[PDB]
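Read the single chain below, which is given as structure tokens and is the form deposited without its partner chain.
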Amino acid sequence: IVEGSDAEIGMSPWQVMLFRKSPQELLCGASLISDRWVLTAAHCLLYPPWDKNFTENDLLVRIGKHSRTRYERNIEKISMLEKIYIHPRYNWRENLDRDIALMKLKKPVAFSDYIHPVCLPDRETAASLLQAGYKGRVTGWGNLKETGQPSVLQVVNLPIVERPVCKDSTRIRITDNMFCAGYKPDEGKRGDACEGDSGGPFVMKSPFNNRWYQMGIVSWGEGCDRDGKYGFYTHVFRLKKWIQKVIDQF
């Protein structure tokens, strides 16, 4: 996260860290959506251009964290993966279309003050909250600048950008399954996600029922917090049916 600030305790209790067994390092962000399921970006697991292709046993899921590197004894909960599901039509070859993946935890995680699931949006909520100008929140332990790392979890509030503006900022082919967010060059304020934030949640708080909903997943960008460029996220609701399909069957 670039130009954000330290998150406060229990501010994003669904925030998950994808940890690699060997070596031991931050791999990606992710989110808790139930006692047994975690949501993340597919490119975190599969990405052939970089010979990236992780399996259930190469990863650990760390929930309830705040510090990036410390093992927060008595607070965080480390869980193992039972099964990973990449979207059958994830397009890693061209534009990272359908960059989404589900992970099944071996054992249900017990909630607490620091661990709590975020909500998945329904048609009505997405329809009303997903609008240009409206701000969402992104969280992560990723880089602080394009070219070190935060000590504590970082947070930034970013406005969603008009689809046309997103399309004219890149040569990459945009699709309906993604949206972009960030401030424009003349808006004075800045900030953006960055390497290491991948898979992190882009959430919004509903003004109707006060609940936090996850609208996006940190997917891609070109650099970090560059003027004229924006961050792209997976459109969670557009893929909601694949999600329920997977949970209801597996």
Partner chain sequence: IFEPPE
The other form holds:
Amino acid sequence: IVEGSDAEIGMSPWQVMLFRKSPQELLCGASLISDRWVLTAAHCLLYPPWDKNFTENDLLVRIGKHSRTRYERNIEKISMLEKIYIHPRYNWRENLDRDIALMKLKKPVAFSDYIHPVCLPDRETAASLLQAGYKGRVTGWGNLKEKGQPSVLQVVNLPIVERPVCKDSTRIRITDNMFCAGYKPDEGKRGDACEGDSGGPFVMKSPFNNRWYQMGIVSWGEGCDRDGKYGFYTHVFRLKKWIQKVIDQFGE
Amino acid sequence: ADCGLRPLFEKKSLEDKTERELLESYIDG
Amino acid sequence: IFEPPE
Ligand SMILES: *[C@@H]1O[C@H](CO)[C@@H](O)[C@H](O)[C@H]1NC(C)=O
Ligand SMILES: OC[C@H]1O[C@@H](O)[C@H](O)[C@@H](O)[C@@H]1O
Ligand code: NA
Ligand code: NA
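Could you present the same protein in the form deposited with its partner chain bound, rather than the form deposited without its partner chain shown above?
Next comes the full complex, and the chain you just saw is listed first.
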């Protein structure tokens, strides 16, 4: 997160840290969508040209966290994963289309002041909120810039940008499974997700019911916070049928 | 099903420091 | 450096 600020305690209680067992390191963000499932970006898990291919035995997830490095006794939980599931039509060869993955916990996690899932959206909540200019929120322990690493979860609020603008500012092929978001140079304000933020959530608060919904997943960008450029996010509602299909059959 | 209501915020009628900017963007423009 | 659990 670049030009963000410190999260407040409990501000983002579905926020999840994807964590390599050995060597120990922060891999990505992720999110708690129920007591049994974490949501993330595929390129967090599998990216064959960099020899990325993390099985479940390789990772842990840490939930409830605030500080980046500290072990937060009496606040965080740590869980082993049962299984990973990457979108089968995930396109790493070109543009990271369908850059989504599911992860199933071995044990259901207990909720608390710090551990609470977020909603996924319905068609309506999708229609209503996914609009040029409407703002959402990205949280992450990623790079402060393109020192370095933050001490605590960082937050920034960003406007959704209209498809033509998004399309016309990268030379990569946008699919309808992506959206982009960030401010434009003439809008003054700054802000972007960065390395280490991948896989973490882009949320919006519905004014119909007061719930936070995850409309996006940090997927990619070119550098971080560069003028005329934008963060790309994985359109979660577009892929929601695969999300449910996976849960219904492996939710157990 | 209790998805998205935060214990430290919404469940106790407390707003965070920046969500209003989210809502200002839904109504203004 | 990351602080250990248990
Ligand atoms: C990734 O890991 C799996 C499981 O160990 C392995 O069998 C496969 O060769 C690797 N490649 C994939 C999943 O594309
Ligand atoms: O090495 C890459 C990065 O190094 C940092 O020290 C700078 O602040 C970044 O903006 C730069 O892109
Ligand atoms: Na996520
Ligand atoms: Na920018």
